[PDB]
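Single chain ahead, by itself, as C-alpha cells, in the form solved without the named molecule.
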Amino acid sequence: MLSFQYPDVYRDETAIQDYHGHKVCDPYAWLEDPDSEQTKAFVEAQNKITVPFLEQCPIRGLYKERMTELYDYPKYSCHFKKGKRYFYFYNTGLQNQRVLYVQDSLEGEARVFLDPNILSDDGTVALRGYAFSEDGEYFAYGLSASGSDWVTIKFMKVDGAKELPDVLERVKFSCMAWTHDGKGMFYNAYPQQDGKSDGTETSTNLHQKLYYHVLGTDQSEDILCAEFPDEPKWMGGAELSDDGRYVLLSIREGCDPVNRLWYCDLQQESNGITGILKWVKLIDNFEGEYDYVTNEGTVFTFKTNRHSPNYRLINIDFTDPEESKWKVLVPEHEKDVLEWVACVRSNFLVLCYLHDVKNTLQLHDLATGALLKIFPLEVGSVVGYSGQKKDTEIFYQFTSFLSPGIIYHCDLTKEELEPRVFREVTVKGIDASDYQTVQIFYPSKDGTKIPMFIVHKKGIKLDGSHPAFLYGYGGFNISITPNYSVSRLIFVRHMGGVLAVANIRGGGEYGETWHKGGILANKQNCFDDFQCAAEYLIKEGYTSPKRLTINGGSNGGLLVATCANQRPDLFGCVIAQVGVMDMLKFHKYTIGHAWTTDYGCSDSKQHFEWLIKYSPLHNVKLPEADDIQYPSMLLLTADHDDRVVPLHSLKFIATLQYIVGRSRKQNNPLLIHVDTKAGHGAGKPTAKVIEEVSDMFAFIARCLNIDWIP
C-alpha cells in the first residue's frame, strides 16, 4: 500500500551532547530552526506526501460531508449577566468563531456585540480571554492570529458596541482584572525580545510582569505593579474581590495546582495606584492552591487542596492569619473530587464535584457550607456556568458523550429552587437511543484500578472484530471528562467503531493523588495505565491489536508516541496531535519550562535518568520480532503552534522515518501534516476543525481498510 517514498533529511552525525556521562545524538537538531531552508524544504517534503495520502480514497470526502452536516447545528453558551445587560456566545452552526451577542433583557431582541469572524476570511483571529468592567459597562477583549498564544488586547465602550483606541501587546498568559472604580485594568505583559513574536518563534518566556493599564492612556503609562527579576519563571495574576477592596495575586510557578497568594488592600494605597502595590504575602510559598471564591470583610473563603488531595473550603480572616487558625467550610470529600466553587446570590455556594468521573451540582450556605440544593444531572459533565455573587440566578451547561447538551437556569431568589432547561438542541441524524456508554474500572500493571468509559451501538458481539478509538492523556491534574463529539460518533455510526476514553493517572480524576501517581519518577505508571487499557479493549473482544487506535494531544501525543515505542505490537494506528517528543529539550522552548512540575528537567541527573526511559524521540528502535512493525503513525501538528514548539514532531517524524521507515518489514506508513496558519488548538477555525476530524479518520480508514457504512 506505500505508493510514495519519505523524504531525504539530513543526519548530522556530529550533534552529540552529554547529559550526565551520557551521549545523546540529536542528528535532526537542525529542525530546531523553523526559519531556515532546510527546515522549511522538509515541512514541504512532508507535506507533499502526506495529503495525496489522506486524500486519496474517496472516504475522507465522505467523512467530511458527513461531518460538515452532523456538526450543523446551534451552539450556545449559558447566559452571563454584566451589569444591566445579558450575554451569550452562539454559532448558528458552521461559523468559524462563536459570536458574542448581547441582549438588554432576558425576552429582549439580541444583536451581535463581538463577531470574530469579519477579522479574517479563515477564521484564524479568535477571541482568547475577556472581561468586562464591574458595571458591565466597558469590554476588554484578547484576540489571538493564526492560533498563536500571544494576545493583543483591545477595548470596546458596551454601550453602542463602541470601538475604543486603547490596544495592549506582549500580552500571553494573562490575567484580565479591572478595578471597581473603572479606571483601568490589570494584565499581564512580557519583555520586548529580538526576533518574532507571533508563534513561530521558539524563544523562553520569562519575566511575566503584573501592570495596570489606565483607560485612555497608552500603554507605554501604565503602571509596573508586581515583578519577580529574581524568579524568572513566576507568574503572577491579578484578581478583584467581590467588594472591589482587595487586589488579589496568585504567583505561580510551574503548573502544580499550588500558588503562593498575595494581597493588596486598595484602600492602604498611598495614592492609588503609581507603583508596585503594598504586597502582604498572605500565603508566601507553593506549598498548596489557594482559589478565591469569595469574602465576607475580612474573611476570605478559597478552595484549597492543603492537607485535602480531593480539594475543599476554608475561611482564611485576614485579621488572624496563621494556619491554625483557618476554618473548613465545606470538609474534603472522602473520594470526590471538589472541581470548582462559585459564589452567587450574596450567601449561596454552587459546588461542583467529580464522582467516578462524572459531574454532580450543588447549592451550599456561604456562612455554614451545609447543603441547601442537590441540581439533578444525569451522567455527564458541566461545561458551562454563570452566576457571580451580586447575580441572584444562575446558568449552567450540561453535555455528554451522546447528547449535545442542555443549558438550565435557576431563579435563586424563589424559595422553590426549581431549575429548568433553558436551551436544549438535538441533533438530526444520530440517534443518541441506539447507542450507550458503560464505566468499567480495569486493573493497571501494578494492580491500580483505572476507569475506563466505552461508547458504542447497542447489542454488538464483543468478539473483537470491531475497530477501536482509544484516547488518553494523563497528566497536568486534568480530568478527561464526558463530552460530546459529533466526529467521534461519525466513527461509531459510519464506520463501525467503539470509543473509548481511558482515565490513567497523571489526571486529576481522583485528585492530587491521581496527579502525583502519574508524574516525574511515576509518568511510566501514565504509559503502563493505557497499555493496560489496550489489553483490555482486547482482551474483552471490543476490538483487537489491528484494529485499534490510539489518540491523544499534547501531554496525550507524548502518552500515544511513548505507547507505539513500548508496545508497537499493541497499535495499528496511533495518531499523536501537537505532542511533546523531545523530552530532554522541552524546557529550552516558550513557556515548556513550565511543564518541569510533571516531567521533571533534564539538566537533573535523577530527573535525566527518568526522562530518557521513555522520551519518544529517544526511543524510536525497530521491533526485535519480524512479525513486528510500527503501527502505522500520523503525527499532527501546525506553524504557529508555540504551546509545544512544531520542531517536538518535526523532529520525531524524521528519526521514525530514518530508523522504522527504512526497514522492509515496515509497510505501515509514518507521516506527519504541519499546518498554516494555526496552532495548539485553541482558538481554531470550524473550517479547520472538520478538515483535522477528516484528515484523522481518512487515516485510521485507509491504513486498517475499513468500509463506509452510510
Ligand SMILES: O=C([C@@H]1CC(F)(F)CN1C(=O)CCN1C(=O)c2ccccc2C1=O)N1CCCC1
The other form holds:
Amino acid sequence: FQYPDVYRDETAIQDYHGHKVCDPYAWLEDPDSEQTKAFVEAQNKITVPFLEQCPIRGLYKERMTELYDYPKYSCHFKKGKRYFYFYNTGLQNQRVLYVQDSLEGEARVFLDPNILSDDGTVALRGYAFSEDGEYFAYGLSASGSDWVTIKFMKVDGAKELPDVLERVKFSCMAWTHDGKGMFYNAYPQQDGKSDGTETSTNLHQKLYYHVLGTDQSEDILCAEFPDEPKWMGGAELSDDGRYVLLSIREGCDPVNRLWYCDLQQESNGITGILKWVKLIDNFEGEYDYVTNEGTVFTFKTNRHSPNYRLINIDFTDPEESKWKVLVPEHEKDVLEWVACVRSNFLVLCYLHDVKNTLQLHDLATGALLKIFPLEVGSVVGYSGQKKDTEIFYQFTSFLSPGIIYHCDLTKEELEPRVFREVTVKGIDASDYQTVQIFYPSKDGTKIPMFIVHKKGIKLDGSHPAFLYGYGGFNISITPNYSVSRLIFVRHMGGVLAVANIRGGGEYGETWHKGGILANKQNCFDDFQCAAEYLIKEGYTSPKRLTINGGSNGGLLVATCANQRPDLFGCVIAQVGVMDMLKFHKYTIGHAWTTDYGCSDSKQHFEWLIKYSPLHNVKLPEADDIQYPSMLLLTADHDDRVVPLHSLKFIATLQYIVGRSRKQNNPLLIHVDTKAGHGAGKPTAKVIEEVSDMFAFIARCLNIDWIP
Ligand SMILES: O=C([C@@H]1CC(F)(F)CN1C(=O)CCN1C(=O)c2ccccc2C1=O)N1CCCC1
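Return the form solved in complex with the named molecule of this protein as a structure block, the form solved without the named molecule having already been given.
After this comes the whole thing, all chains and molecules, with the earlier chain placed first.
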C-alpha cells in the first residue's frame, strides 16, 4: 500500500507574534469540502484493508463478544416512590432504564434507547426527575454529538409528552420543586450546521427556564452574560427547593462563581432575569453545593485547599472571615465527592493513593462515624439523597467487573452487605497480579503507576506492555475494569500498565497544576520515565512497547512519539488534540486554554510551539532510528475534538516521516462514521474499535495469539 497524494498549500503562512509558521493542510479544516472528503475516503481506503488482513483481528473480536457478553448493572436509585436502575443484559447496544415500585417487585422497562436507532447511535445523555418523581426529562445525542435534545415523559405509565427542547449543549437540568418547569441551557441560533459535523465556536450560552406544557419559543431566559461569551452558568435547587444556586464556569478549571436567588423573593414567579445575589463573585475557588440547613449552606471547596475540604456559609453572614470549616483538608488524601443522605448523614469518598475510600460523617459536626470497607480500586456509582434513608455504591477494579453494595441507614448498627455482584467467566483473577510502584521522573518527583501482569512472568523485557496515561484537567485515572485490556494480558501475554502523571488530580490541584501551562512538558517527561521504568526493570523492550491515550491522552502519546520515538514501537492516539495553535477556535476548545495556554499570547505561544504535535514532527537524525507504527482513531461527528486535528496530523506524518525510505513502520488513520468523541458509543462499535487497536498491535509488533 502507498500513502495517498495530499495537496500541500505552501502559501498558508500565519504570523504568531513574529514567528512564521506554515499549515499546508489547513484546508483539511473544512469538513464539507470535496477535497477533505476525498482525503478521508482515501485514507480509510488503505487502513481498513490493512486492519482486516490481520487474522488475530477475528480471534480478538470473537473473544471480545464472548467475554464482554456479561450483565452490566447500575446502582438502584429511588426517585419518589419508585426504584430505578440501568441494566445491560450483556451485548445490548445501549443500557436500558428499568423501574420498579418496590425493591422486591418485578421491574419493567422505563426507557429503552435501543429502539430509536437500528445501530445504537442515538443515546441518552443527561436526565433529571422532578422532585416528586412523577415527571422525567432526558436528552438524547445523535451520532456522538455533544448537541442534545431534551424530551419529556410522565413516569406513571411512561407517557411521552409533546415537550421538546432544541439547541442544547453542555447544559444543566433542574426542576423547580413546584414541578412547574425546568432550568436548562441553550445556545443562540448560529448560521450553518448544528449536528456535530461543524466546528463553529460555541459562545453566549444562556440559562432558560422551560415551563412544562409550553413551546420552547415561550421559554423564560433567566441569565445571560452578553459581555462574556465564555461564561457558562449551570443551576440547581437547594434541597429545600427555595434557592437556585447558579455556578458560573469559564474554562475547565475547578473554580467557579456562586450566585444565588431566593425563589421566595421573586415578586411573582420566574418571569425573566432573576434577582441574583452575587455570593462568590470570583474565579479563585471551587464551591460545590452538598446540602443546606436553613441559610447555612455547606460546600465542597478547594479555596486554599489543594486537596479539598468542607465549609459552611451562612447566607445571612456571608463575610469569608466567618465560614466555618466542617471537615479540614486532608494533608495527603484528596476529597473526590460528598453526598448528603438521611438528612444529617454525610458520605465522603476520598482518593488515597489513587484508591477510593468510603467514609460516613455527621453533617452537624463533621466527625467521622463509619468506614466502609473496600478493596483496592474505584467507587464508580452511588445512590443516596437527603430524603433517602439508604445508600448504594458500586465498586470496580482491574480484575473485578463490579460489586454493588447496599446500606439501610435507618439501622442502629450500620452494617453494609453485597447487593449485586458479577464475575466474568473466562477470566480468573487468581491468575493475574496487580502491583502499584512509584517511579521517579526526570525531576525527582515520585510518580505512581499500576501494573497488571500474570503471576509468574519473569521480568526479562520479553513481554509486550500496553502503557496508558492522560495527564490533565484534574482528571484522575483510577482502577477500572477493562475486559478488552485483560484479553490482551492473557491472549497476547501482555503487560498492562497505567501511569498517573502530573496534570491529573490524583494529588489535589498541585498535581493538576504541575502538569499544565508552563509545566505541561512535565507530563511528557513523567510519562516517558514510565516507559523507561517498565523497560529498565525488564517488563518490556522498546520495540514491543505500546502507549495508548485519547483526547488529552492522545496528545500525550503523540508528543512522546515526537520527542522520543526510540522508546516505543507502537502508538495509538484516539480523538486527540494535535494543533495546539488553532485548537481554541473550534467548538468548545476555548475552554481548554486554562490547561494549555493560548497561542494568542506571546508568552503562551512559546510553551505550545515547543510541543505542539503537528509542528514538531521530524525525521530522526540517527540512521538506525525511525518513527513507531502509529494508528490515529477519530470519527466524523466528534464535535468535542474536531477531526481536523488528526486529519492534519496524519497528512504531516506520511509526508515528513512517511515518505522517507528508512521508515518501514506504518502511519495510518481511521475515521469512523456516525460516531463522536467517545461517550455513548454503542456496544457494537466499541467492540469493533478495540479489535482494530489490538489487531494493529499484533500485526505491527508481530505478536502471536495464545488460546
Ligand atoms: O473535552 C475536553 C475537556 C477536558 C475535560 F475535562 F475532559 C472535559 N472538557 C471540556 O471541554 C468540557 C467542556 N464542558 C464544559 O466546559 C462544561 C460546563 C458545564 C457543563 C458541561 C460542560 C462541558 O462538557 N478535552 C478534550 C481535549 C482535552 C480537553
